[PDB]
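Given next, in structure tokens, is a single chain: the form solved without its partner chain.
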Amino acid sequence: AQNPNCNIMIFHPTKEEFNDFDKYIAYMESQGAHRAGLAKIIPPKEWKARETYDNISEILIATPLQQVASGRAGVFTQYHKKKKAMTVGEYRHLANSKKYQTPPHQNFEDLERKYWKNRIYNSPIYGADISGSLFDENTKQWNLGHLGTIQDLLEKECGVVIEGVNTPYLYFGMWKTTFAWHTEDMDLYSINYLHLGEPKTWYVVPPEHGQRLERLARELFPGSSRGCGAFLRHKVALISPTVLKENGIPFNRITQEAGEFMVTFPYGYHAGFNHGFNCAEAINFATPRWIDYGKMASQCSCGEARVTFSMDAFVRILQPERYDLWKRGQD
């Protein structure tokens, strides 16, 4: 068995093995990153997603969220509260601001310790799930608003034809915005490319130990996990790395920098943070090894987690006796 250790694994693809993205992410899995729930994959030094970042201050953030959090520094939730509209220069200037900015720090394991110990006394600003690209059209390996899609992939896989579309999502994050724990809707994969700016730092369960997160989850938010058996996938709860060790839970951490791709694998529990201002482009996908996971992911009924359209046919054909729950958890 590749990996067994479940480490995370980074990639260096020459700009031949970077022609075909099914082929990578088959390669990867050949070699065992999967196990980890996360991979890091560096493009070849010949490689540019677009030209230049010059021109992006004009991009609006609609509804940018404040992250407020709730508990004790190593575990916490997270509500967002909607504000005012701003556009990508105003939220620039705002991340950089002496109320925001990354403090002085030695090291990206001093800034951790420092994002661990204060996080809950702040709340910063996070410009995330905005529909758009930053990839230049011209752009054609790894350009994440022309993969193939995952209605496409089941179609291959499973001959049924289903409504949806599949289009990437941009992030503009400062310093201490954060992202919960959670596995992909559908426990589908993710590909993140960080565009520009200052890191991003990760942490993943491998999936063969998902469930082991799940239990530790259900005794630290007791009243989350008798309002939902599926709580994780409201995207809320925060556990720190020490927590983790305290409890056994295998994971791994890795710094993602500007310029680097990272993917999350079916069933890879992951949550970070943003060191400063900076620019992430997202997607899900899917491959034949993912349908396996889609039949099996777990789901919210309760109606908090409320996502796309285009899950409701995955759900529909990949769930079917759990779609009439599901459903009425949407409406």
Given for the second form:
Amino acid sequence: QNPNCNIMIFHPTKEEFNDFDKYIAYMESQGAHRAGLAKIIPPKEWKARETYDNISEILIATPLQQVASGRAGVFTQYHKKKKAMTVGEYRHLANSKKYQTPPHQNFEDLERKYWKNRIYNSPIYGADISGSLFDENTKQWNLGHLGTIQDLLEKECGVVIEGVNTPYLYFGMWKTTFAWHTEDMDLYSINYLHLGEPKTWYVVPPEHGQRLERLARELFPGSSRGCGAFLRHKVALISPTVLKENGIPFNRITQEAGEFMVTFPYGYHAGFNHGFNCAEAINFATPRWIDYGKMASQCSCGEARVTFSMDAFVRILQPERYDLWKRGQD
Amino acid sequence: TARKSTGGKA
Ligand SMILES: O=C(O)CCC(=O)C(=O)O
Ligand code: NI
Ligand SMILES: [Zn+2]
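In place of the form solved without its partner chain, the structure of the form solved in complex with its partner chain is requested.
Everything in the complex follows now, all chains and molecules, and the chain you saw is the first one.
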């Protein structure tokens, strides 16, 4: 199923939107995970929140300026902290002459402009904000309350890691960027675009993830000095042209406001925002993730320090393999 | 304390 690893798009009914884990399993039964990314369009009647009329006063404590260096589709990006500003102030800044989406004729044109001009006018991203815009009354696909087996991390081990098992908000503007990465511990992620302009995603099928890692070693000198998990640093930007020239299989898709994207374990992804927007995202897990969690690379230089023990997950959800697993641990 | 991050600093 899904032999070509196409990004699949799902349209669950209201009845199918009641049980998150069940629907994820269904998607995988149709081969969705092979692409590394899927889109879920919610039932017509569903809404995340009644209104967004009163979000302009939210304070973005630490907006980040995203400074890219490089050329010809290959860049490194680093972040500079900027002064706090409200979402209202941020929206005004996003829409200002310096930062507004350039005039363009179509997606392909905007995409070319993104890659060609990435070093100019470093954009400001209101990223990694602890919080949620889902109404408490929204009981289906509420990112604050998905009820997956990832809940063991807090329940069993008392571990809370912001953004992993608590939700993040992202206020974006044109050119704001997520670099190539898998999730910490190779978890799934889910991302809901609440409002505003689109978000474009690139994804390499998990089966080809190692080829992306090899390419990153070829493109980024010194990337392995002192660390075996460079891409966990989330500093590498690599254009689709460069992926194509180097034979790395990938796909692209644009997420619109009101749509969910799910990334699957070890599905490398990267992308960018088209203009002012607001997304919310969180990690989650399933039983199928456990063996990925066991295998996940870990940064060994202190740059990317999100990690946790797999013990509780194997102990509780893989009881018949727990002794075998422990033997491999020592 | 470790938390999910969009990228790297400095
Ligand atoms: O929207 C963003 O900047 C984060 C996208 C992402 O990497 C994810 O949701 O896993
Ligand atoms: Ni991600
Ligand atoms: Zn490292």
